[PDB]
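Only one chain is included here, represented as structure tokens and corresponding to the form solved without the partner chain.
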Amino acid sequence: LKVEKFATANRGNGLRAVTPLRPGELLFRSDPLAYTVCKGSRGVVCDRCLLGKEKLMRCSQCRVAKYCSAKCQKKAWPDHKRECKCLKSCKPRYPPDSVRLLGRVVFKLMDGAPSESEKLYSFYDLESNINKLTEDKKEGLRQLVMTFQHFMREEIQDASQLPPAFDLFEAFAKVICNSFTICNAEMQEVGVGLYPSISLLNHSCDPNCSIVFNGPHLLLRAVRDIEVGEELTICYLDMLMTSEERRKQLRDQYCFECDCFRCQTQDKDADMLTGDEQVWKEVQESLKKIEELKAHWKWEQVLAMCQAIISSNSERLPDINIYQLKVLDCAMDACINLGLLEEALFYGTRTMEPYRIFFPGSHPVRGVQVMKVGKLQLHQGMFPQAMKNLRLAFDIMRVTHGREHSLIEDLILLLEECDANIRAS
């Protein structure tokens, strides 16, 4: 093990390097203690492997769980067995993701075989911040508790049917500040899970580690050189957020004030907020709907909304503005999913310099973005350009993804195809 739990001065438990670490070094890997497909991806991706398919087969008993294959259906049965009847009874209604997630967790906790996901830190070690919650938040938790009790009612009727140390209210509180959003290879949000060992990592806006998902599986890597004893951190948040926005989310969701170098010095805020507030505020507001559509894989609607914004703001709002940038990114992704590849490259190319600015060093989201643009270029026959970007994507993803991630093999195949096309030209 290259990492260990320790007690920090002022931020609870954390994780630290046992040995010197190099960029790209694998620190930990884990399957989830428990996970579920997220609200917007339900029925779009396989329940088990979280990969999207034109044809998924519904579970016969609930008609809610969907799978890409008989293999996935079977492997998922232990996790699905006790929720099947609960999902069935409430159809077409469907519980919040956290409720479905904790529904799985409670039966997992009764397995006598230790979960690998809990090697460093267990579900019960998870921070709940109970003494820090606002009254409005505690009220929302009590609403969640009631929803769980009703959702689970065919399987569980009383507290005596779960481990004594398990407390439903504190379990929802643990979920708020220890959940991971599982992303597919293209960085679309597809699931949510608990990975208790990985929950040990404290947050920074300039982290020395990063996580990536390959299906439900999580890989933790160093993303720069790290010294013996140094605290290991990850960034909890989207990079395309101002310091005021990050501070709000970290306060509201994680019960802390971020005092990192970036937050203290408003690092990159001026570039993020390029252009006129009266113009970009309208983009920010429009993104609420655009992001929700994207989360539900509604690509035609996303594209329509983004095109309206991109065309109307072209004379006034620069692409480096984070709101304009998010709209370009959504537009690109909508186009890729609809097979509008020339248009996708048009939007993706415009994201390149801002991504270089806002995702410094080695960040998996930038590696994936560069790979997407490289692949589009190769498709469009722009071989020298594609080759530079595919190599750049490799320079990044070798660190952020590593050779244990299946996307690296995919990338190598594109570079070989591009190379062959160059030699043939």
The other form holds:
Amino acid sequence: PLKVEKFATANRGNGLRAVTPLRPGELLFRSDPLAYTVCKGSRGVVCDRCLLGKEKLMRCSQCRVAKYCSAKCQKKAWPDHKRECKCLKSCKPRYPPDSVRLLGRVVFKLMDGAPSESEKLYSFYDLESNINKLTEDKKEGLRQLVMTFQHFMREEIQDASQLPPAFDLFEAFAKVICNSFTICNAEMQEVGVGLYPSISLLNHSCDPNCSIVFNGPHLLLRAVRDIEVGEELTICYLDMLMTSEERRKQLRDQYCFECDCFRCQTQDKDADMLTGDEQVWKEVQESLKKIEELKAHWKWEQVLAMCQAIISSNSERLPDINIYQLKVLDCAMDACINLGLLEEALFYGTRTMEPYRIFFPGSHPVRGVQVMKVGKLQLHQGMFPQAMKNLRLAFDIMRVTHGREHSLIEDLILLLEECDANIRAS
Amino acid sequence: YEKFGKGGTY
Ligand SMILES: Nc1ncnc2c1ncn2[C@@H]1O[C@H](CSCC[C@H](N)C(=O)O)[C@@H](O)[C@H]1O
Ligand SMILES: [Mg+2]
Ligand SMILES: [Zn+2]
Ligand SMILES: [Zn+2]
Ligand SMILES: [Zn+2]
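With the form solved without the partner chain in hand, show me what the form deposited with the partner chain bound looks like.
Starting with the chain above, the whole complex follows.
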């Protein structure tokens, strides 16, 4: 029996609302994707099927593009990979934009006669395209994606008569652009992109009452606050470390609306986010463009070298709460974890804790995972009382944001039990 | 033959 239902909002189109009162941490919905793909920077780093990193991946021998952790993943991925294999092979080393590869998988799913559980509440054809609100530059970009799709798919599909007549390729890309979800791994690195049409019913708030987390491709939707009967359910489409002007620009450009939520109207936290001299932090913001691109491709040594230069040079001027300096510290922490420099990772990660408490209020999965990473570093460096406090804090957050249906909870319980054992051994 | 999609690393 569903705890959520589709309804027509006044001014926001369709939405999702609570059928019964909801408590923090309650699981509302769970979904596999209608279709998904590994993202550009992660291809060849993580398994095409399960989106897990492995030092050794094995290539599809037919295209040499898709890569898998195991013969089991390769075989289970074959129905989804079978019709794109020849297409990926044709263009190697050239590779299609993620949206093109995703839509190539979507179109063949739409020809299944069985109902897709991912479409239970809302279908692909229901998805909002905003076609009448798109700017001319956006429509030109969509026309370019259409031509790229037609070229990429030409071995499999040469004409619109080979796809359902209700499908329109231009409108499909418009739907993909405002309805796709970024898939993150357990460590909150972006590994993939997918369509989850029932979950696309949720409208946006910069102070949402629900949160989504991924376990591989699988999506869990949870309440993060108490929610009354009939209350609209919302999620945040955006990164939390963004000022209100940045948020409004991204929501206008991608999603075609002007965000009037309480935080955007009141500039909530902007002053803290921008702490320090703009002449100083604008340089960090600019450097972050390259850093975030390197991080997306998992180039950790390069990330760390760029971050260290910024962190040492600004130490006398720029506070850690500034969101651009904070992102650099987080990139530095994750680079160090991935490179095995654990003492240095803890130095950067400890510095993110109070800014994360301020900018991720309540229960947010990004803060839960960050606090867990810091507690895990403290535990292995032998600071047990500090680690225990952070691991307990992480569990308080993650029981709400992750829940027992997410496998990271069992990992956290093991760390808590190990920390407790070291404390007792004195 | 860029960046779209709800949510992300933060
Ligand atoms: N906070 C908000 N204010 C205004 N429109 C919103 C909004 N959050 C989401 N939307 C709308 O919803 C789209 C994203 S998909 C969310 C479901 C959509 N309302 C529908 O009827 O299918 C946005 O592009 C915008 O049209
Ligand atoms: Mg048509
Ligand atoms: Zn796998
Ligand atoms: Zn292949
Ligand atoms: Zn807002």
